[PDB]
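Asker: Spelled out, the chains give:
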Amino acid sequence: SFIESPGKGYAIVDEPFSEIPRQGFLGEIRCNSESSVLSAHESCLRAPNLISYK
Amino acid sequence: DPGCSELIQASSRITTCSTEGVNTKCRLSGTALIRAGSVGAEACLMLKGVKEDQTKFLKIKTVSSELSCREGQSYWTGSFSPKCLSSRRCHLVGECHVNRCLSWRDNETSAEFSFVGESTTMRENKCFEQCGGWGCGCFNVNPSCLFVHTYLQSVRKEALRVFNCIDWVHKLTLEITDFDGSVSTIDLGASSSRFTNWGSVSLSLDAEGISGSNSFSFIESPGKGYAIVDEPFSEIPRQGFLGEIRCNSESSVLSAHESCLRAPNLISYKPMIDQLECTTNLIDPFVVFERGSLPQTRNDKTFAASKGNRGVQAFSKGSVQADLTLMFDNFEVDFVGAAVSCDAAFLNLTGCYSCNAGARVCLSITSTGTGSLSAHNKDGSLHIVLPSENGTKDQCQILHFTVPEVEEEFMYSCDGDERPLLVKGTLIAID
Amino acid sequence: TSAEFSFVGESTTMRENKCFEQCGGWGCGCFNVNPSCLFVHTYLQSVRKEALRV
Amino acid sequence: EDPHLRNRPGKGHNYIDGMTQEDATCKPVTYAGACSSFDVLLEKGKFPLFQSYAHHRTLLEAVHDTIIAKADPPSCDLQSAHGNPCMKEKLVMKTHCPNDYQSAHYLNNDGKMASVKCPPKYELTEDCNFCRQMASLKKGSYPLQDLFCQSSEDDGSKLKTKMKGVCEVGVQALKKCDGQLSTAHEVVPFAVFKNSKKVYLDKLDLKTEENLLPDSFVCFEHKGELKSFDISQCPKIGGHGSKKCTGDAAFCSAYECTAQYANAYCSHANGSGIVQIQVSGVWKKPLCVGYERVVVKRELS
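Protein chains in written order, with this note's numbering: chain W, 1 to 54; chain H, 1 to 431; chain D, 1 to 54; chain V, 1 to 301.
Bear in mind the hints are in silico, worked out from the structure with no lab data behind them.
Treat the hints with caution; some may be incorrect.
[To be verified] Partial list, computed: chain V residues near chain D (C-beta under 8 Å):
| no. | residue |
| --- | --- |
| 1 | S182 |
| 2 | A184 |
| 3 | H185 |
[Said to hold, decoys possible] Taking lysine-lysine and the DSSO-like style, the derived pairs with C-alpha atoms no more than 27 Å apart in a straight line are:
| no. | chain 1 | residue 1 | chain 2 | residue 2 |
| --- | --- | --- | --- | --- |
| 4 | V | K112 | V | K162 |
| 5 | V | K70 | V | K194 |
| 6 | H | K51 | V | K176 |
| 7 | V | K162 | H | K48 |
| 8 | V | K88 | V | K197 |
| 9 | H | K61 | V | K164 |
| 10 | H | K25 | V | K297 |
| 11 | V | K164 | V | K88 |
| 12 | H | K51 | V | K164 |
| 13 | V | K162 | H | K61 |
| 14 | V | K164 | V | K121 |
| 15 | V | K164 | V | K203 |
| 16 | V | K203 | V | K176 |
| 17 | H | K83 | H | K126 |
| 18 | H | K25 | V | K160 |
| 19 | H | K25 | V | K175 |
| 20 | V | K176 | H | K25 |
| 21 | H | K25 | V | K164 |
| 22 | H | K25 | V | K158 |
| 23 | V | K70 | V | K223 |
| 24 | V | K164 | H | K48 |
| 25 | V | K11 | V | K27 |
| 26 | W | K8 | H | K270 |
| 27 | V | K175 | H | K48 |
| 28 | V | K194 | V | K162 |
| 29 | V | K203 | V | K158 |
| 30 | V | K94 | V | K44 |
| 31 | V | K176 | V | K160 |
| 32 | H | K48 | V | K176 |
| 33 | V | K112 | V | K244 |
| 34 | V | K112 | V | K297 |
| 35 | V | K162 | H | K25 |
| 36 | H | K51 | V | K175 |
| 37 | V | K27 | V | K88 |
| 38 | V | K160 | V | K285 |
| 39 | V | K70 | V | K162 |
| 40 | V | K11 | H | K25 |
From the three backbone atoms N, C-alpha and C, an ideal C-beta is built for every residue, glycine too.
Next up, chain W with everything else stripped away, as it sits in the complex:
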């Protein structure tokens, strides 16, 4: 898996490509564009019941 950084260098991860955004794994909150992540848009996909309440 590769990670692109706009303006900086690249990266590589020694794991296969994630296909299910499950809790407790790298890749549980995904989006569609850069502005959907920087501004936190509702068009992205996240895991259900991820906000802990006390």
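Mind docking chains H, D and V on chain W? Use the hints.
Answerer: Just chains H, D and V, lined up with the frame of chain W:
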């Protein structure tokens, strides 16, 4: 050069007729069994009416002993070229929004490319969110949208029909020479039947039979040669397989019709604000077509092209072991009152002894009218029938012998009377 | 119930009715070239004057 | 089918000698009128073969266009004493026709024009084999077959009917059946070539192509509905003519492109002109191919 080899006499059970005003109009109704000849020989079949001179032939020539492959799953494919169009639109302008560009349907046109209209060409529509502000050409800080309208089209002038073979049917190209003189070329496979102007022909027994062909596929080119691919056929269009973009016709490939099928997520898109580059790694079928083109040596057989009907065939190295069933759907066979004479001669003798190929003989027949010429030997074991036309013509059929030094005297007859005739020659050993 | 057997009766008897297809024309007894039919009305009757309680 | 149902190219005459009582509405044949010898041809579920090919001429139209000759007599009397010639050729045909009809034309054996005639006021029956005494009587004839006329120049005199195992099919007699005979009601198509007879065939194979004849092209003028126009006045390439005309690539590829000086907008027909049949393996263009309903007498002995 080709001539009859298996000459049998028809029985009187299916042979009848009557004389009406001195005119032998014989009738044939029933079934008959005859053995098919080898490659080069023919299957003669004479008929005896009410006299001896009234005799017509019914020869069937064997062209070759091929093996037609039964076609099951077939499609049309070829080369293509992606043509993508870019049209970046600012945000809050028409259909440019943060929610209308990310989740864009792959089957609906946008307002930017609505000027083309409805078309039968395959295409797809994508939506990409770029950047905004005055740094890329916009008025609002919201990111703009990029409408992509990429359609596929072919750049070649021909196509290929990749199919497979599920069964090898023993096809024999056999012609039928009628009693009047008309020749009709047909075919017989496994146990099929046809329709002629005098009955129905069919095959009773096949020969050999190649098994195991589901893991192979063939390529047919319109007006060109054939090909073979050593790869099993796939029913689903996947990437990296010979047939990722299929259709159903040649026009659907040369023009890229929307009725064809393709694999999802195949066109690689590289959006660059205002630049669009669509590069696809399409598999060129001409590389495999020119790499594995027939003839190709596969096991003991030799796959080649066809010599008649469109379809894959196979050339074998065996003999011909088949039986033909000749029927008669109440056909009228007329005869003359008296046949004409004819003087036969001798030419040459080339062939072999004790083999399925036989040996052809050169006989010069010089007559005047139209009829036949029946010949016999000295013990009634070798019958020779040849057509009789006008002028001097060279005929002769395939003869079988068991001695390389053939010195047997023949007795040919054209209208009833017989004349002596001596033949000679030297035969070779044929396996 | 067949048309050529409705005049017999509808008594309580283990019977059955079939319909076999035959030939047509004047080759066996018909005035039409269409294949004729055969009306079968076979019924079952007793034979012995006593029974057994198996 | 074909969109041109009532529009008939050329003359379009449908009247026979002795029954000239409908020329007011059937000469020519247009969208209006009421021609009894043409309205029954476009009926659904009756003559589909005529509905498939409707751009070509009919039987009477082919007779008036110097294509199909006339028999002797062309219209026999189906009521005259001492017998009549139109009797044996009618009793062997199993066809149906409505009431209030007086004439019923068909095809003979020589490929000419043989028909019947009923003196007024005698009407026909359900089968049409015999007439009888008398709403309103039709002032025309009833087509007993389902054929269309066309112009062809293909010889076929040696292509005689070769129906094996059949004694007498339709009207012609192949031989004299002296032993057994099987009479059945079967449908067998027919075809007529140039200088031949009524040749019967088993299967029917149609073929539709185009050519350069004016009959394969139609045109209409623009004026202040649909208005027909004579397409034969279009000049050729480098020749002469009468009124100009233009069209698309199909119409412009045959005639001369005029456009600016044209008076009408010519178009291309929906596949018509040359209709070939598959007989003896080859392809030949017949003259009056059809699909009638007669009685076939097959053999048995």
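Asker: Taking only the CA atoms, is the gap from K8 (chain W) to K270 (chain H) under or equal to 27 Å?
Answerer: This hinted pair holds, its Cα atoms lying about 20 Å apart.
Asker: Given the proposed pairing of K112 (chain V) with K297 (chain V), does the C-alpha separation stay at or below 27 Å?
Answerer: Answer holds: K112 (chain V) to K297 (chain V) is near 24 Å, not above 27 Å.
Asker: Assess, step by step, whether the Cα of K51 (chain H) is no farther than 27 Å from the Cα of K176 (chain V), and give holds or violated.
Answerer: Holds. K51 (chain H) to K176 (chain V) sits at ~25 Å (cutoff 27 Å).
Asker: Quick one, are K70 (chain V) and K223 (chain V) close enough, alpha carbons at most 27 Å?
Answerer: Answer violated: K70 (chain V) to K223 (chain V) is near 41 Å, above 27 Å.
Asker: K25 (chain H) and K297 (chain V) were given as a pair; does the straight-line alpha-carbon distance stay at or below 27 Å?
Answerer: holds (21 Å)
Asker: Between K164 (chain V) and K121 (chain V), does the CA-CA distance stay at or below 27 Å?
Answerer: violated (44 Å)
Asker: Does the structure keep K194 (chain V) and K162 (chain V) at a Cα separation of 27 Å or less?
Answerer: Satisfied, since the Cα-Cα distance of roughly 18 Å is no more than 27 Å.
Asker: So if I understand the rule, the pair passes when the alpha-carbon distance is 27 Å or less; does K203 (chain V) with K176 (chain V) pass?
Answerer: holds (25 Å)
Asker: Going straight from one Cα to the other, do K70 (chain V) and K162 (chain V) come out at no more than 27 Å?
Answerer: holds (26 Å)
Asker: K164 (chain V) and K203 (chain V): Cα distance at most 27 Å?
Answerer: This hinted pair holds, its Cα atoms lying about 14 Å apart.
Asker: Holds or violated: are the alpha carbons of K25 (chain H) and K164 (chain V) at most 27 Å from each other?
Answerer: Holds - the C-alpha atoms of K164 (chain V) and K25 (chain H) are around 14 Å apart, at most 27 Å.
Asker: Is it true that the CA of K164 (chain V) sits at most 27 Å from the CA of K88 (chain V)?
Answerer: With a Cα-Cα distance of about 23 Å, the restraint between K164 (chain V) and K88 (chain V) holds, given a limit of 27 Å.
Consistency with the previously given hints fails for numbers 14, 23, 33, 37, 40, ordered from lowest to highest.
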